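Visitor: Here is how the chains run, residue by residue.
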Amino acid sequence: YXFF
Amino acid sequence: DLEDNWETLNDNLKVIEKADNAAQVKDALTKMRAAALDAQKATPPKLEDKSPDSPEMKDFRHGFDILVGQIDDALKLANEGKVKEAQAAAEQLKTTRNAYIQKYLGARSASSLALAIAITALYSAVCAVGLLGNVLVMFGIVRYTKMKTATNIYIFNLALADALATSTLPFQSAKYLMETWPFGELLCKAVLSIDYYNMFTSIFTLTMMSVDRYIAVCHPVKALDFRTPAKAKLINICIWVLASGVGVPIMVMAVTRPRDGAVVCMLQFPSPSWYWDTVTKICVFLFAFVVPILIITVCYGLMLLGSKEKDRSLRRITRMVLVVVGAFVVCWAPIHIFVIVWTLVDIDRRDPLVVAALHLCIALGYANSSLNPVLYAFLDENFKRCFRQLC
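If you read the protein sequences in the order shown, they are chains H and A.
The opening residue of the first sequence carries number 1 in the authors' numbering; numbering runs sequentially from there.
Numbered per the authors' numbering, the second sequence spans residues 1002 to 1106, 39 to 238, 248 to 333.
Just chain A, with the same shape it has in the complex:
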């Protein structure tokens, strides 16, 4: 609410500095005076919850009574037609603002801190699970010769992308808490492109697992030729190369720049950025979400259409993939919707309940990576055994 008011002071100030007449100068002043009075009413973060009559609080409030006074002065001039004089008077109050009140602003809200700590918690929590949980999955598959299944080789691929994903989390946590990116450009590039690799390689593998189940079920004759592990490895590598059609351009495009007191990691789309940004944001929604989903739904639709333990086994393994597919969807469906709203429907983007909910369901996205290894070891018996065998 206050930074909003401080925003309109600054903005109206430079409207006066670019003005050509008394009316439009006057109007601007009259806005600032309102801004400065609703700002005076407000308590700022540096003064989190001091005595409503502490020296520092009395002193902050004073700064505004001063500023207002000066606005009523400039407004007396503009009223009398004295434009330039009103403009000069406006110049001196930018300073009088900064000299007195500015020392009270800039700090982070206690709520905001709480969010940051809450995130760091969840992140650390996800991170400790997923990073562990998928290193196990990756270790378990390679080590034990008994585990080289076509579908399991695809899982390896997921456990890899998920692992890589969950290695970036503490860096994001530190970025949130300390309000800056202290890790340098290379690692900025590393972290973002990893975040994109994670989305595509996952959803492409999950499409190919689905394609895999389908040929398994509906074309068991044909399957024997295409359902080998060596080939799954090949498709895994294809999934990665293909994904690099989106991952490498981000690798280059991602960069580190200083902005308004901090260092921030971000994407740099060739101008127009806001357009190309949307372009990509749509493609990621189509080609890493709906379009692969439609394929999966088809694959699964068709399977609605042999020995004792093998028929039971297919069912169990097939039913596993649907859950991980579904579990995936429900984790990412929230955030993929939110981002498309965020970048098309102009809602209110600074609200507590909004920002939190966004962050609190980006978190769900990343929670998908810690969930996976659990689902593997609770819906696959061989995984269930291995995980409680170790310890």
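Isolated chain H, as found in the complex:
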């Protein structure tokens, strides 16, 4: 975590 996190991502696009």
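Read the hints as simulated data drawn from the structure, not as lab findings.
Take every hint as true, because none was put in to throw you off.
If you want a taste of the chain A side facing chain H, the calculated C-beta under 10 Å gives, among others:
#, residue
1, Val197
2, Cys198
3, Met199
4, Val217
Simulated DEER-style distance windows between Cβ atoms:
#, chain 1, residue 1, chain 2, residue 2, range
5, A, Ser249, H, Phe3, 47 to 57 Å
6, H, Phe3, A, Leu256, 36 to 46 Å
7, A, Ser255, H, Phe3, 36 to 46 Å
8, A, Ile1067, H, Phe3, 39 to 49 Å
9, A, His152, H, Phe3, 41 to 51 Å
10, H, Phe3, A, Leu65, 22 to 32 Å
11, H, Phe3, A, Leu332, 34 to 44 Å
12, A, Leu46, H, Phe3, 18 to 28 Å
Each residue gets a CB set at the ideal place from its N, CA and C atoms; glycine is no exception.
Got chain H sorted already, so can you dock chain A onto it with the hints?
Guide: Just chain A, lined up with the frame of chain H:
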């Protein structure tokens, strides 16, 4: 710094292509010329650290002297009021840029590679530990009939979520090194939703362990009725079903798409994405962090308020949960803060020390999964024994 300059050339070019007058064309040109000169000064990655007067370096530098020349030409036209003519001249330099200088850009910085290798290392390192370490925990609990404790059944649940989490890591490592996602859509969907399951199922189990300790301590009479293993299993399954209230929608929403030369795995929020994205990012901070924390802190606050070995035992096991709870917090507190800053406070997002620090503390998040099994086998005696018993 350079990709930034190459950015402003492209942008100003299309401002000229959408322009309606000489002044605003002129201005745009004048920006590009500055961009092209500070770009010329810079060394690009394909030319990592060649001789400052190598043929290729001399040749790259040349490309810009050309481009500048052409900007001073277009600027002579716009100055004289010749707008359309200045625009046409601007059209020909997009090509002259691409024909000469473009063959030097696009590559990854040596720093950036170093980061990627550094990550892959840590990941592999976490991955080899956690995946191993929690398969053991999961194997140890089921196999040995002597280990079916209410709290230990909750740990199983953690070791499961952590294990699953650490199975995705090498895929992330490969994504970083090779700069693309070669594993297909299904596995993209698998990896992201697993990353969300990991956060909630962990923090919900850690809330229920905390609730569990509390009823154990403050209501030992009542406990005998609710503190059974069969029931813990039920709550584990509930924790997972409930978590699926967040995990399944991501399962669907996550997808694989090509973008700017590569294939990238990502979330697709129904428009407006940037809004719904924030929505979720807040909820994850509340409902998988602060709100469960407040519950735990309450649970623990209240316990500040029976036989020889049983009173000592409760203390040891209770003190174990607080550490894992705390250890959890300190691993995730960094990244949960960072992401809320990242998506609300507009800081500088391309700096070496910034990006690294982010990545280097996302890594801490995932390090929580390799830490757990160690803490179990160094703060629980039965776990400590089993792990050095095997070998």
